[PDB]
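Could you put the whole structure together from the sequences, leaning on the hints where they help?
Residues per chain, in single letters:
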Amino acid sequence: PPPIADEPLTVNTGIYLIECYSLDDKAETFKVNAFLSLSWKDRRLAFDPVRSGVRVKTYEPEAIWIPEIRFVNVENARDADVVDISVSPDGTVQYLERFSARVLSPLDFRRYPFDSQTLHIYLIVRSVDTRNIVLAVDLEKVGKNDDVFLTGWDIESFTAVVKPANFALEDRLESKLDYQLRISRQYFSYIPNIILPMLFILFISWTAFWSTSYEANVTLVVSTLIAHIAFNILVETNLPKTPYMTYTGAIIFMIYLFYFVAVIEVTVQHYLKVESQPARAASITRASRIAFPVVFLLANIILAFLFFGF
Amino acid sequence: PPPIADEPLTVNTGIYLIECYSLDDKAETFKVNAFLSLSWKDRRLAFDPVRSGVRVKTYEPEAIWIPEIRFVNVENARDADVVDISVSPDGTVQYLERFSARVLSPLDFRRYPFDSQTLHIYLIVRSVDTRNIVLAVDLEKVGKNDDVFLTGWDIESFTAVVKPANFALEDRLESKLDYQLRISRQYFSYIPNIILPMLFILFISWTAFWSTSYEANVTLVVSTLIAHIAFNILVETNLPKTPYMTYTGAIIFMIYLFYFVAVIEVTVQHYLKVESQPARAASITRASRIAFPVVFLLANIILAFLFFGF
Amino acid sequence: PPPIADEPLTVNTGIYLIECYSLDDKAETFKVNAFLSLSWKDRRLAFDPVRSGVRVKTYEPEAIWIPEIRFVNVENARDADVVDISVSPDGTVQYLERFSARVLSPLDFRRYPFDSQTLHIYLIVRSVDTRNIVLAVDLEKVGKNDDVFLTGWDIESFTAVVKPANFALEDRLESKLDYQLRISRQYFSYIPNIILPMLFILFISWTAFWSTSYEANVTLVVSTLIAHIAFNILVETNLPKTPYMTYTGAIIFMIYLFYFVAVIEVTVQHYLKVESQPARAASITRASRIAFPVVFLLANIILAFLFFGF
Amino acid sequence: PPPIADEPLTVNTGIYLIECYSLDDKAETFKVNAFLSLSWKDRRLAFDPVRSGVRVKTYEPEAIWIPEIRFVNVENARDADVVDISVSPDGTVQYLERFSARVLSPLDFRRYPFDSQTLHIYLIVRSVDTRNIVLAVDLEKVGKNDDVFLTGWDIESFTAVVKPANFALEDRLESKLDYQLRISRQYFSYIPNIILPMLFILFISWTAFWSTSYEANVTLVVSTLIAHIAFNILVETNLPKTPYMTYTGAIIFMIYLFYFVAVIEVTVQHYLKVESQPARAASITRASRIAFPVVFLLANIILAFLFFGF
Amino acid sequence: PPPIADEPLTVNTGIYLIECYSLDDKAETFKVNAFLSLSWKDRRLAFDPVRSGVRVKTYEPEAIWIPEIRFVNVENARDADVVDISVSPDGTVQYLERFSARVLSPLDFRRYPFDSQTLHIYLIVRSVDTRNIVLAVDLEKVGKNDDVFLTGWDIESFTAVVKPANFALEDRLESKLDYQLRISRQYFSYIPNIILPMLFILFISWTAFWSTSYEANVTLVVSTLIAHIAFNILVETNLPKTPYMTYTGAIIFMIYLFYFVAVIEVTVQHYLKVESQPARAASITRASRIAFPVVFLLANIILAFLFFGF
Ligand SMILES: [Br-]
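Residue numbers (PDB author numbering), protein chains in the order written: chain D, 7 to 316; chain C, 7 to 316; chain B, 7 to 316; chain A, 7 to 316; chain E, 7 to 316.
This list has only true hints and no planted wrong ones.
Capping the alpha-carbon separation at 30 Å, the derived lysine-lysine pairs in BS3-like fashion look like this:
1. E:37 / E:247
2. C:47 / C:150
3. D:182 / D:37
4. D:169 / C:150
5. C:169 / C:47
6. E:147 / E:182
7. A:150 / B:182
8. C:32 / C:182
9. D:169 / D:47
10. D:169 / D:147
11. D:150 / E:37
12. B:32 / C:32
13. C:150 / C:32
14. A:150 / B:32
15. A:147 / A:169
16. D:182 / D:32
17. C:169 / B:150
18. D:247 / C:150
19. E:32 / B:32
20. B:37 / C:37
21. C:247 / D:32
22. A:37 / E:150
23. D:63 / E:182
24. D:182 / D:147
25. B:150 / B:182
26. C:32 / D:247
27. E:169 / D:150
28. C:63 / D:47
29. A:63 / B:182
30. D:147 / E:182
31. A:47 / A:182
32. E:63 / E:150
33. E:247 / D:150
These are calculated hints, taken from the structure and not from any lab test.
Next comes the structure, spelled out in structure tokens:
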């Protein structure tokens with residue numbers, strides 16, 4: 007039973023994040039629990055303060071006409087309990103729910119361990135005969151308690167794009183708003199647990215430049231290449247199948263090379279020292295002791311710069 | 007209370023995918039959230055535009071008779087909230103829900119990392135006294151926003167088989183429609199993380215052709231064979247028990263061989279170099295240095311062609 | 007308000023499997039989605055075809071008395087939506103639901119990779135004053151679409167035991183029916199991924215019979231014994247704690263032996279070749295080269311025969 | 007509307023287990039599906055057999071006053087459908103439901119692989135003005151069909167503590183009953199899959215007593231110590247964090263020692279055979295060949311006795 | 007229909023934990039099942055004891071006005087069944103539910119294996135025209151049965167902050183209470199299964215100080231470094247991505263070093279014993295045999311003190 011207007015009735019929205027949690031890098035989703043604040047003029051139930059009752063009159067959902075405000079990017083129907091409805095005398099309605107749905111926003115894993123994000127929440131509203139434009143009321147949008155969690159992410163800002171986007175969707179215009187949650191990752195536990203350990207094995211790898219034994223040079227360069235897979239696999243696991251290249255997927259894959267040429271050297275420093283020409287052997291071996299850490303440190307500056315500095 | 011017809015009443019369907027996500031290769035399911043658009047002539051509630059009210063009249067579900075449109079391949083009862091019902095004067099009803107159910111469509115892992123798919127959504131409708139044929143209205147089927155996700159899959163097209171399939175199921179004909187979601191995989195992260203690393207270990211494996219030590223040739227060929235299982239197992243895990251053979255299950259199993267004969271060689275290059283006949287040893291060893299990468303590259307062309315080129 | 011009979015009222019049942027999925031070997035359960043067809047004479051609402059209305063009269067569940075048909079082996083209350091109720095003039099009722107519950111049927115893992123199964127679904131019905139016998143109507147039991155899935159299982163037949171079992175359960179007889187789903191496993195992906203790889207490691211294990219080095223004979227027989235645990239563990243995982251012995255649990259455990267005596271040999275071929283008696287060493291080592299694959303192939307024929315051939 | 011009594015009204019209870027399953031050693035819970043049989047004198051609806059109707063009168067739940075019988079140790083609200091209600095003439099009510107809730111009973115993992123258990127189900131009932139004592143009717147308690155499952159557990163007995171425990175809980179006495187499900191584990195699959203394999207690796211470990219090579223003695227004792235972790239980890243996983251010590255956690259940890267002193271020996275039989283004193287070496291090595299299996303078999307009798315024999 | 011007051015109506019709260027379980031260190035949540043005790047003066051339904059009925063009058067929820075008491079940190083809408091409502095004559099209401107929701111409280115993993123915690127449960131209550139202050143009634147707060155579980159945690163105390171926190175949230179003050187569950191971990195199973203085994207491997211690592219062979223010194227220090235990752239990975243898994251440093255993440259990462267310089271030494275004791283200067287070699291090697299365990303034991307006292315002693 008919608009409110010007879012003279013023009014496109016505006017519905018005023020707001021979101022107060024109460025809880026944030028379980029951001030799931032694999033599925034690219036996150037769970038939010040927040041307030042939903044709606045409001046509109048329904049002159050139809052304006053009501054004579056003096057003449058009866060009091061300042062503001064409390065209704066149940068069934069009485070009033072209420073606008074269907076559906077979330078756009080969501081696994082299932084949102085999950086709200088209603089908190090209070092209060093009609094002002096000028097026929098102005100004040101709605102407040104407290105929903106909790108899991109939200110499907112995509113992430114950009116281009117800088118993986120060192121990445122910043124921009125989560126989205128949507129809310130469309132389809133029209134009937136009287137058009138619906140949604141818009142934001144920025145006093146009920148200051149939504150994000152000084153308690154918002156989000157394990158392993160620093161929360162930067164919850165803002166929103168004032169100007170809605172009015173679509174034409176199946177012979178009925180809808181109106182869609184963009185609520186933005188800006189977060190940066192807590193890269194760090196990525197160092198003691200991935201980055202450093204991954205590097206340490208890589209150095210030990212090429213300790214076999216100061217060695218002459220093949221037996222202990224493969225028991226060396228090879229035994230470390232395995233450990234790398236343990237890390238490649240550990241990392242490849244808490245991360246989705248990007249159609250593009252990650253930063254750690256880069257330096258994790260650049261690494262695979264410095265083991266391949268590493269093994270090449272030890273190998274050559276053999277069909278080169280069984281061909282009685284150790285003239286060359288401990289000449290090559292002597293060089294790798296520099297070429298490597300330098301090509302590396304060079305390629306990491308090349309690689310690093312390639313991703314962040316551009 | 008169904009609409010007295012003169013012949014099989016047609017119900018006109020449509021689906022606008024709002025969200026796609028969590029395609030689960032193991033369980034062979036995916037979750038979809040979309041619009042469901044139904045419509046039919048129920049002359050029974052035609053209504054004199056001029057004589058009363060307005061252009062179109064809004065009903066609640068309970069009032070009108072509405073057709074039971076059940077999804078065929080679905081874990082549980084679909085999960086829909088109703089969005090609007092609008093009856094035209096000629097007794098024409100306009101229905102719109104916004105459901106979200108998880109869908110059971112099978113996948114063909116024959117080309118695993120490099121595979122394309124054809125997801126299905128069904129919709130039957132069982133009859134009573136007046137028959138039900140369903141059919142598609144292609145203005146409400148253009149369903150798939152320029153935002154449809156599906157992590158790690160490129161979406162190609164959402165179309166549908168106009169001609170329904172009318173069954174006879176337990177003394178009552180049902181009518182089933184075929185909605186098709188065509189997707190190709192984002193093979194790629196499959197390279198830096200599986201294909202390449204898997205290959206690198208295989209090469210190092212057979213570095214033991216340029217070596218004479220048994221101690222360092224098993225510490226060699228064997229230490230890599232393990233790494234392979236770490237990959238076989240990693241891969242075998244994010245994949246169901248196909249009764250047929252995968253492509254990577256092929257080349258992952260073709261590989262097991264090139265380690266077995268690899269180990270055979272190093273082994274023979276021993277009970278052949280302890281039998282003072284290194285005449286033969288560094289003759290065989292010398293050969294393997296070619297036989298292998300060639301039998302391989304040959305067998306991969308043989309293998310690859312076998313799967314895609316046919 | 008139950009139908010005044012003159013004797014034990016018969017209720018006629020049937021099930022049309024629409025979907026089968028997620029058979030869970032660990033929990034010994036499976037999920038089914040099907041039609042449930044019930045029917046009985048309730049002379050009490052017979053109704054004069056000519057005198058009023060039409061051929062058959064449609065009721066809601068609340069109107070008619072309907073028999074509580076509870077599933078016996080089920081995690082939770084079954085999960086049904088009602089599809090149609092149609093009363094015939096002779097007072098004969100036609101019921102049809104479309105439930106989906108997860109079913110607790112046990113499995114016999116005696117032949118694990120090569121095992122066939124017999125799933126059960128139950129349906130009791132407790133009496134009040136007029137007794138209830140259930141029984142099957144085999145036109146609504148032909149239930150299993152040419153689409154029934156069940157990943158990694160070949161479905162053989164869905165039949166049912168016509169004669170119910172009438173219990174006395176707490177001073178009220180119930181009537182229970184036995185619906186049988188017969189399935190065989192898709193053993194196969196068990197070969198390229200378990201059986202073969204498991205065998206290959208076992209062979210390499212005992213390549214150390216054609217070797218003299220202890221260093222490379224333990225680096226040998228031992229490095230494979232580990233791989234076996236990787237498989238024992240992989241297999242032990244997708245299988246419950248049987249109080250009996252599996253077939254692959256057998257040959258997986260028979261295997262552990264052929265590594266133990268394998269290691270015994272290499273060990274003895276040492277405190278026997280450091281005791282300057284290589285007379286004996288390369289005599290024993292020479293023999294194992296046959297004793298083993300033969301005791302094995304013999305014991306697998308002994309073992310295999312023991313399970314299937316009896 | 008509770009039944010005006012002259013003293014504490016007794017409610018008579020009973021449970022017929024229909025299904026048992028998914029006993030979860032980690033969470034310490036199990037799922038049960040059973041009958042719940044209640045009964046009490048509500049003289050208030052006694053009813054003149056001859057004067058009207060019949061022998062017993064069938065009511066719906068809403069009519070009669072029924073006692074709130076809540077389960078004490080349960081994840082969520084129990085999950086019951088009602089099966090039948092029958093009031094006797096003397097005002098005696100006969101209730102019967104068929105619930106299925108998951109039950110939180112603790113387990114004693116002190117003897118882990120060889121442990122017996124005592125599951126609990128509770129049922130309180132809070133009073134109003136007339137007190138409620140619950141008590142058991144042992145004809146509706148013979149609950150446990152000759153079909154009760156419980157994968158990997160032998161079921162011994164379902165009995166119950168006739169005498170309830172009347173609490174005072176928040177100015178209202180409740181009455182709690184103790185239903186006991188006694189089960190022993192099916193230890194066995196624990197042998198071919200854990201116990202034996204775990205032992206075999208331990209023996210091979212100390213084959214390095216009949217060896218002189220350090221290279222092959224570490225490639226020996228060490229390569230097995232890993233295998234052990236694979237088992238320690240496999241076992242530690244299907245088991246909760248006991249604040250006490252398991253039996254297999256014991257013998258799994260006693261084992262870690264026999265690898266440590268095992269490695270100590272091989273190590274010493276080296277900075278003792280490079281100090282040209284093989285006088286001592288193959289004297290110590292010679293001894294370990296006994297000290298070990300004996301200290302072990304001794305410590306296992308010491309250990310085993312310590313747990314079961316006391 | 008809220009109770010006309012003369013000032014901010016106080017609502018008196020309380021919680022009786024019946025069950026605690028599944029504390030999930032990764033997600034930082036826990037599941038609780040407890041009583042919720044509310045109470046307030048609604049003079050509006052005071053009721054003449056003598057004049058009619060009895061001492062206290064039982065209502066259903068729909069009759070009385072009841073305050074919306076929403077939990078603040080919760081995944082979804084809490085999950086409560088109502089247990090009893092009793093209105094006193096002075097218009098005083100007595101409410102009792104029995105909810106079960108999963109609770110989002112954060113944890114401080116700074117001392118991981120040896121950490122104590124402080125779980126929170128919240129309860130706000132938004133106002134309308136008459137303000138709501140909540141407050142605690144400490145006879146219905148003694149909530150935590152002598153049965154409260156919480157696997158692998160010792161429960162210390164369930165108390166609550168008497169003084170609520172009255173917010174202004176969107177032009178309506180809410181009133182929030184703090185219920186505290188204080189728990190310490192059952193560190194222990196962390197020793198036989200993580201701490202000790204992790205240490206053992208570390209010692210064996212540096213047995214290669216009493217050795218001269220490079221071949222068996224890398225087959226040594228390296229083979230253990232892998233085992234460490236198996237533990238680093240095992241531990242890193244049952245723990246979230248802290249933006250700070252764990253204690254075991256410390257000593258697990260301090261360890262990585264003592265393997266790196268460990269490998270450095272064995273490596274140097276080679277390009278130093280192939281340079282015919284074993285003067286120095288078995289001088290350095292001789293020293294490491296002390297420097298290491300001491301730098302360690304020193305650094306663990308340095309490390310340990312750094313975390314707990316401050
Ligand atoms: Br491993």
